[PDB]
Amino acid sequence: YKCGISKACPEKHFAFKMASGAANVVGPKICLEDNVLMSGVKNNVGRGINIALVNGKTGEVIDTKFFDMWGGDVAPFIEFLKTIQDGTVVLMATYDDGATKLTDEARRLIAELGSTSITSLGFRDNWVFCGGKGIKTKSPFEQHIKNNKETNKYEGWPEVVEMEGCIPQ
């Protein structure tokens, strides 16, 4: 399968596989639609947050950048986050450390992209995230049982499908 994933993605969906760095030795890896976007082999990764911007319609790479969140300036990273346009898939991966230079503004911008963990990201924590700006997210509340004569509880119809959960206010 594309990117080396376990199951084939449904129609009109982009396959992805990503990993954070291993200490300060092995760089992170970002792969989308069987194309390696960022990696140590590609030599386009570095210490801090490694970001890949992808076109939400075609699946093609827009830009790949890395910002040193230990020994670098947060200002060009905040500027890069603000330039992100609507309909862009945002893939982020840490290498060594991606939290020391983070500000409230930087954490707020990443949280707006769909991140829950960025507000609690600390020194040397490993983190992988795939969000976006102006991208419709699929619901985690969905259950579907196919009409299959082989296994149908009522023969002509399948069994009742049940679901319970908590919808965020």
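Only residues modelled in both forms are compared. Residue numbers count along the first chain shown, from 1. In this text, the rigid core denotes the largest set of C-alpha atoms whose superposition between the two forms falls within 1.5 Å. What changes on going to the form deposited in another entry:
- Relative to the superposed rigid core, residue 11 undergoes a CA displacement smaller than 2 Å between the two forms.
- Once the cores line up, the CA of residue 24 ends up less than 2 angstroms apart between the two forms.
- 139-169 is the only run of at least 3 consecutive shared residues whose C-alphas each shift by 2 Å or more between the two forms once the core is superposed.
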Second form
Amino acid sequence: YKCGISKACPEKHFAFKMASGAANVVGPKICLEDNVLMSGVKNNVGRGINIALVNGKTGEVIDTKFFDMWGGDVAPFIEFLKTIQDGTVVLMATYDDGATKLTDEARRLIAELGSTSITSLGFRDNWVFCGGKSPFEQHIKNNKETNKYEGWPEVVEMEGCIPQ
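Switching conditions: you have the form deposited in one PDB entry, so give me the form deposited in another entry.
No partners, no molecules, just the chain.
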């Protein structure tokens, strides 16, 4: 029940629970081993892609950062992705828009962490991913005919167990 997940995790596994943001008003949330890594109440989330780096052995946070994929520059995001070392658990959640400023290099870099949905990520699609230098990847496409919100899809949620 760590992170409030439905099924308990076995040995040498980290429990995790994550959600994308809701439209441009509720920030994403990332929890691991009952520790909230990123959230709105923590005030360490923002528009774009929100990324948490976790030590693959201890399960403790290394770093948390967010990059504006609507109004920001992709270059600091690309630099930050190139710093991720082997063994590090990387958790990514979208907030509002995570795709407009993405480049083929940025998408290739995320794909190398184990992502299949990043290549096709589009304007305002919601997406959560837990990988490392897959699986655990979930997305909801931005679709005007189906969207819960006026211009944005519903929050996408994911939970599971990462091997140590």
